[PDB]
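Below, in structure tokens: the form deposited without this ligand, a single chain.
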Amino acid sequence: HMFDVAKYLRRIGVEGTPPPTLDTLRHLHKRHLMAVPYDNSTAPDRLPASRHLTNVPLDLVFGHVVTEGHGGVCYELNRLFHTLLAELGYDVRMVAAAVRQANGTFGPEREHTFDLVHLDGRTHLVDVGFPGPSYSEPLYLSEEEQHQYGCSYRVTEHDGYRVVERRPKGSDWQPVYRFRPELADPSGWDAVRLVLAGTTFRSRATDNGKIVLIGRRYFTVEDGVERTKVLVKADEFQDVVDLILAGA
């Protein structure tokens, strides 16, 4: 009952109650990724003993992300965004995906959680909860090449999966994640199941790209041009954390 559309829209820098159109969806998606960073720093603290996402009240996640201004992980940010989109009138369907790993395999089948929106006879992929380099505006569910912010995307079909692939400037196509579109479900969020500190993941979009910090590995993409640096200095590291977490 604490979920509040207006409070959320203010949190992401969106004015009024914009109309339920594709132009609005594209704006909401980009603004969310600019304003609400991905952060797994305290994700373990919000896990339920039961392993069922339903047992984590939506208001707890809303309070952490929206009221308090923090970031979150895929099943927090996309869960909130699904609810916002539904309250703004969109036909939103939850989907789970397997993420491409550094070694080229795909990880567990339902590790990543995101959404699809069916609008005006076309289906769009919606994902404001993915740590690494990926799309700032929704993709169409199509193998046709799509272009945004200096990168290309396509959603190909391979062996019963749809595969989101990305190509920045000067690089080859690489998969991001894969999913089974036919398992999309309007109510799918209800079915989700969940020493040095573990590796921290933090990122957010910028006006023309994205900034990503994975451990010490700092990545930026600006109009499709990528740069990476392994951070050594503690002060520089903290400056990058602060820049990500401050939003835009």
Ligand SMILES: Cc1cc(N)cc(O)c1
The other form holds:
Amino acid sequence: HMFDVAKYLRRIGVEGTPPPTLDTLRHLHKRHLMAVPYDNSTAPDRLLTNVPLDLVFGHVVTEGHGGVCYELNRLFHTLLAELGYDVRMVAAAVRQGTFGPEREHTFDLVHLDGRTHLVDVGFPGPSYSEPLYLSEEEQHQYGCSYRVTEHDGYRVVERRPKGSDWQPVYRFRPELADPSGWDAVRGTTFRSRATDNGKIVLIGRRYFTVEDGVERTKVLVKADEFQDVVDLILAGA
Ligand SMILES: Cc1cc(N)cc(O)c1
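Let's compare: the form deposited without this ligand is above, so bring in the form solved in complex with this ligand.
What follows is the entire complex, opening with the chain shown before.
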């Protein structure tokens, strides 16, 4: 179907058309991550400007499936722009102990009332479920700590759950952000979604959960447990 803001808000469980404020941005970001799972399982059958936005919208919103970073963050960029925000696309290199290709991960920045926020509803692993300030200052979300440090002309998103040291998530160059950047974008299954107070992630057989900053992981053995976790992730919340 054709892109429709109202249909999209309904799909992620947001009522009405809330105003273009920081509180609205936080709510949209968290609802999107809870309702729209990351899922690369059929990413090959949809491969950036040469993929019409309506095809991705149809797959994710109209049909209710998940997607990957250059699908979910591309749709969310469009939604935020239609809702009145100053939104900019930026590419990142993912901590793979080394950082991978320099434009592997695509996400968004929003500039609002003199502050810049990171927006990412399309990263598979444990990462922030509400937008981060673009700041080295430490920020706290559901018991996890976050900061955006500066190292060697890169900003680096770092995360610290309970019982852990600081972990880099990905790194990016803020000055390469682009309001129109989506028009320029060039074997294991990853599936995840946010919960009310954390995130659940399945990579191959490896099941990861974080709740109030407390992490648990298990390599799944049984087929019925595997099926149950897939259903739990893909059902949304
Ligand atoms: C670690 C990872 C990051 C991204 N952006 C995509 C993937 O399939 C895996």
